[PDB]
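Shown here is one chain on its own, the form solved without this ligand, set out as structure tokens.
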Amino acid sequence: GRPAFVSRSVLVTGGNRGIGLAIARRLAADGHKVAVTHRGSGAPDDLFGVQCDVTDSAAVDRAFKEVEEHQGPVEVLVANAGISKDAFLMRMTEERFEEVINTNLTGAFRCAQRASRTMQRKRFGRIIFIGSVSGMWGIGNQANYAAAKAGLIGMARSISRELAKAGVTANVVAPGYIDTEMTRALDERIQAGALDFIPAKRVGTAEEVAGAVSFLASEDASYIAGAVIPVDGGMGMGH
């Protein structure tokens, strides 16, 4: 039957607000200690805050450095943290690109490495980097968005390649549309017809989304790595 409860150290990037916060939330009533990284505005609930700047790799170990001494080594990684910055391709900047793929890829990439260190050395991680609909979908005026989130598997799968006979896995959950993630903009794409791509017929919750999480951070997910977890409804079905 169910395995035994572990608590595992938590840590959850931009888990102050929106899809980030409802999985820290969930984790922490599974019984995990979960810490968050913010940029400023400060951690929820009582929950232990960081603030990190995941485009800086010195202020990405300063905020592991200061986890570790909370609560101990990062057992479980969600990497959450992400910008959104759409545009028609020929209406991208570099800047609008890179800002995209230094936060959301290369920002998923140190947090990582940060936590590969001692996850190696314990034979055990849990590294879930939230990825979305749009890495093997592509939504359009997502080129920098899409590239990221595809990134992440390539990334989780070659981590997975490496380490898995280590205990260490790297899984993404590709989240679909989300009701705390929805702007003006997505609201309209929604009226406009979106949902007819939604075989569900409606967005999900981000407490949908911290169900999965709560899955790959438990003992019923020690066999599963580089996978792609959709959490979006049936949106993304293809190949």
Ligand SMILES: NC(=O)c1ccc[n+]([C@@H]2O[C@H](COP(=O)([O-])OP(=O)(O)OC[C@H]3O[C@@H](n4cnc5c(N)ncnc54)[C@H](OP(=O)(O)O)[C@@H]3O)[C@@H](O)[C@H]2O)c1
The other form holds:
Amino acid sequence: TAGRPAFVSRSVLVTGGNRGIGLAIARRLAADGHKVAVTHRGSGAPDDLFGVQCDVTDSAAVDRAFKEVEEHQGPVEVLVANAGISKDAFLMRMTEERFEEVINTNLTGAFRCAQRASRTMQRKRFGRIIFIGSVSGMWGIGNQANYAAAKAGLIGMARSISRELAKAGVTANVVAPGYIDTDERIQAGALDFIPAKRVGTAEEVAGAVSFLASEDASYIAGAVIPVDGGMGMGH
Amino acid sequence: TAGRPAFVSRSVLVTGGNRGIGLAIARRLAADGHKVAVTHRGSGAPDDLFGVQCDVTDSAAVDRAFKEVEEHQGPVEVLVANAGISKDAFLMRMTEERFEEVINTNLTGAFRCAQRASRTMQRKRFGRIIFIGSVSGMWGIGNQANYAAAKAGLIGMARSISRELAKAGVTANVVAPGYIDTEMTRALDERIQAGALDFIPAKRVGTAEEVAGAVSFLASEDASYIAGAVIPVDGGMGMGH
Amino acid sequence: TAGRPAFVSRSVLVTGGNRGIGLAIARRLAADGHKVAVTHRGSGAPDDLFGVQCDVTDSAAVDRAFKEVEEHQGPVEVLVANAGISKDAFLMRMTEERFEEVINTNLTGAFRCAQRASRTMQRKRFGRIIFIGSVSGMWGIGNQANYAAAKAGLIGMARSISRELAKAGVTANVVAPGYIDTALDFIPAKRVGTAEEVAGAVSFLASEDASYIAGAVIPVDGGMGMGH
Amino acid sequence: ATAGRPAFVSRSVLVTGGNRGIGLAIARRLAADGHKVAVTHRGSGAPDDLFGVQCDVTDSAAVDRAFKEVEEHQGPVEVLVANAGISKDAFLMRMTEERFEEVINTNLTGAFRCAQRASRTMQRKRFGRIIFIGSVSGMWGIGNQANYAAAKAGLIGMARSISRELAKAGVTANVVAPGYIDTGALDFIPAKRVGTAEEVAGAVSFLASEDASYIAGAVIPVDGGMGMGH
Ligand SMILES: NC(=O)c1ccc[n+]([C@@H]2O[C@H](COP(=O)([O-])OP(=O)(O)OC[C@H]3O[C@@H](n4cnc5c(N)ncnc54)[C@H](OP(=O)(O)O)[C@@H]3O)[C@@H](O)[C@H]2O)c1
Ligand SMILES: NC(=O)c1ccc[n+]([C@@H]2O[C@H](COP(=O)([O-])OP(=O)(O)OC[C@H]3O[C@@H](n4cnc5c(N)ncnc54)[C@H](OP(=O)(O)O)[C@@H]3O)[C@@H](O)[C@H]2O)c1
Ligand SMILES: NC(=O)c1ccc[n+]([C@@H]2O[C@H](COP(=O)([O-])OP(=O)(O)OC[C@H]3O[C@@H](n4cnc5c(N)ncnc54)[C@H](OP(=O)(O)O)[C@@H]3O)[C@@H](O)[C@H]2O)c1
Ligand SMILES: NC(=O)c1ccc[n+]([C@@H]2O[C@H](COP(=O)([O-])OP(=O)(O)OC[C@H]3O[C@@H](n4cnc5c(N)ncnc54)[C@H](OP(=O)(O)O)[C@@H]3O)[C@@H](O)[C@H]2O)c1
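Mind giving me the form solved in complex with this ligand, seeing as the form solved without this ligand was just shown?
Once more the chain from above appears, this time first in line as the rest of the complex follows.
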């Protein structure tokens, strides 16, 4: 076919999709025609989305959340690891706890979901693991020794998973957004490093996720898709 | 806002859209709903698309092509610099001519089209400059001193253009494909027979439609905040630093 | 001025410098003229170098290790975070425990030393934080979801540290070795590297010739990790 | 295994554009290391402290004769430092074909001419160090540099295609990418200063030493962290 390939309704799970960027991702994938499930830490999801409670720092809860999703919409085919936190501080001011808590949620939590999803993904010969990284992973925003390390670790993990599982139809990619609006960052002068001279919207991030979850990205593995308006350009 | 944004039919120009990857890009963008024009060198436009004869090594011809496209479908809003060639040789065997003609077509030829389009793109506060690079730009396929230099140069040019014009709604990005199947017959791919699959984690070559899928995303409304990016369509082949 | 800059003896700490690549780095920096200390886990440092007992998974041991180094040879000016482990497994067979202990040693362990070192480096306006990464960080060696994440995480941490502290003379860089003798189909050099070659790149990042280098990934891999 | 610095080996060095600027500092450093250093010039005359040959990197015949004169004076080139380069900045709308191609022919194609001319004897001798002088703008993309950034980014792709082909024969190709070197930009420089020519020459001395045999296709940024990104 010359046009867009035929659409396939995928079983989607968006971790941390109860608000913010994760909510816009989940609603975009639902409007695309997918079967979208989201996770929350207890407060619940909006009415328009199927929600399950899950803390990505608890391996038993991650396995428990996948069980509900498999029972509701089938085994997860597209994982969007979006849950994450930030604990910024100067290097000498950053404690061990504020470092490990960012690592455990942003890095290790994304591994727990990708490992739990890889079971059915290998047997069904299909899988889309989409980590939500950040420009800070390769650009290195100051006062983010923990956040920049976790977001950069997503690139290494996604590429180690891709080099193993791409032959079995399972790819792992990373969406790296810049400053996204969901104002103090603008007051501190963040616009000076963004060539687009504006912040991105959550819907623009969801547009990149919708691409990686569609039938137009089956030959894309280990990629870092920057949604930063040119902020993270470099090496 | 929640779903896919409202579609805008863009004036599209695809260099080298008569065969290969460029033909798939032109057909995909037309099926998306864009006003698609292609450049050729005598064969003419495919399907019902609009065609202009243009060799990207001739600035006078590039200006002439943009003038005819402007009259037919309005000024070019989305440029897909797809025209390219290859002249492989060992470093000690590569001549000055075979190095420069690859540079003049793949790198300079992309500049001629990108420079010619920038004027109206800055007027209308919109512009999508999509370069068709290669995995060899950053991965460095052997015997490609000229080809890898031209494809890597597309990244630097796209990022210099983006840092200057992204504030005016004009962005430049690069699609870097890996080994893509462009065979017209059932014959075996000679690159595959040479062991190309040993470097592709996907263990298969890509299709021209998959590259066109990546170009369709960059030309759509879902990529307005993407500038200076390299989109690898290589099955994980070019992973590294 | 035109030649090599005048040498300055720095206080060096090399984590895990009792054997392997860390030992070759310590001997190289000692031969350069640095005051070289190394951390061990009870095996004892070679009688040629100053040794402190430290497990990089323990913040209290890290704080005590730097404390003993400051009293002996002055506060650490050049930190070489070399201590690291590997626990490979297929993604479907890698456990949470196997993932976290690789992260805790390679990534979090390197942060504990860098965070402790920045206490005195930032005040004296000189600092060289040199992380020993791996080609797998950006190349993504298979069966290393934990290892590649930790090694790629060193890049983001070094660049975040650099953007904050480069203005104060404190820089952070990563040395990313390939396969080092202590697979050749992806190595253009068609051979493996040696520990002395890794130590040669560390010697450069710890010398007076690398004061303007920050957030850099220096690959010592024979070209294996070329890409993007 | 030797624990200290490896025994120094004096190489035959050629530094293009080593008559002034960064190239002059690179050549004086490599000569101070112990190498036999020759530089290229374009009639102004090499400085009184270095052997000079006349060569315009846009002329393949002049490059061929330059390596001939270097070989007759100090042996065939073992370490090549492609330093010659120009910049013709302009906005994209204002950049002409002549202005674009002039920067490409000198910075990119001129680096290929020297790299091609030295490649054969490097392969036969099983040793070769091709060091291209790139720029932060290659991967960072400084504005008004559609020609300069394309040329400096092309040096990376060429060096990596050369390395993947010839690293097995002991011939590596690397790129030193300096930031702003003194020979409003401080906002993007985490070091909050500009570099010196001696700091770029220090990185070249490393890539030309016995401590960089296992480094191929690398980009060594000397920018104070300016080009950090992806
Ligand atoms: N400018 C930006 O906002 C920006 C830029 C680049 C990257 N990102 C990344 O994009 C992702 C979301 O962006 P955002 O703007 O929406 O920030 P956010 O609002 O703080 O997103 C956090 C989400 O993750 C969930 N979550 C947090 N910790 C969790 C845990 N331990 N277990 C399970 N779920 C957990 C939260 O649920 P609760 O509501 O219950 O806490 C919430 O849904 C993050 O990973 C962030 O790093 C954001
Ligand atoms: N595996 C792959 O195929 C692969 C991988 C990575 C990147 N790419 C890139 O993708 C693009 C197209 O790939 P392809 O496989 O389809 O190549 P192709 O089949 O040989 O066709 C390339 C097109 O470029 C046109 N062209 C060449 N030189 C031109 C010039 N000076 N002026 C104008 N048009 C010119 C050709 O027109 P004519 O018919 O008149 O010759 C043809 O339409 C190239 O830039 C290539 O580098 C390809
Ligand atoms: N091919 C390679 O060798 C290669 C390639 C790329 C990168 N690297 C990196 O280079 C570094 C060293 O390489 P290697 O070959 O020398 O490995 P190695 O021979 O196994 O030595 C590892 C060193 O780290 C120490 N260590 C490990 N975990 C520690 C902890 N929790 N606390 C304190 N010290 C700890 C070990 O101390 P003990 O003696 O008590 O065990 C030992 O001194 C590692 O970070 C590795 O990832 C190696
Ligand atoms: N901020 C910086 O300075 C900076 C930053 C990044 C990279 N670089 C790179 O560093 C290198 C050194 O340049 P520079 O900073 O020292 O400025 P420069 O003073 O203008 O040096 C340019 C040198 O290149 C020679 N040259 C130019 N075109 C030539 C040609 N066609 N054939 C032969 N030689 C030619 C010049 O010789 P003549 O005397 O005859 O003109 C001169 O020796 C350049 O390649 C530049 O791109 C510089």
